[PDB]
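One protein chain omitted, others in place.
Labels for the chains are A and B, by order of writing; each one numbers its residues from 1.
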Amino acid sequence: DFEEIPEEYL
Amino acid sequence: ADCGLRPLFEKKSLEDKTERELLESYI
Partner (left out) sequence: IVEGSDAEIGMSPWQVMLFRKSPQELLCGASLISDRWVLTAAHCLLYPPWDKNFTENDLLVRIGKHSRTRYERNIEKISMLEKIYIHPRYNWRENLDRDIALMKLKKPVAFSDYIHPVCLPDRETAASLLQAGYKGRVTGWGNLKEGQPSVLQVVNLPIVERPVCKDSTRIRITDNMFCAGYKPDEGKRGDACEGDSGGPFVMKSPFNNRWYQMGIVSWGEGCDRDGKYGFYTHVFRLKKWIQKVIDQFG
């Protein structure tokens, strides 16, 4: 149920 | 150096809703 985080974070 | 002094509480001299419970216990 976690809102997705910005890819540069991956 | 600035550790533990909260920008929105200590630094403004505002107290949170329950910090006094803490303080009141240190007798």
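Just so we're on the same page, contacts are C-beta pairs under 8 Å (C-beta built on N, C-alpha and C of every residue); 3 or more make two chains touch, one makes a residue touch a chain.
Note that the absent chain touches A, B when the full complex is taken as a whole. Against the chain not shown here, subunit A presents residues 1-6, 9-10.
Considering the complete assembly, subunit B touches the hidden chain via residues 2-10, 16-19, 21-23, 25-26.
Quick note on the criterion: only the chains that are shown with their structure count from here on.
Between subunit A and subunit B the centroid-to-centroid distance comes to 33 Å (mean Cα coordinates, whole Å).
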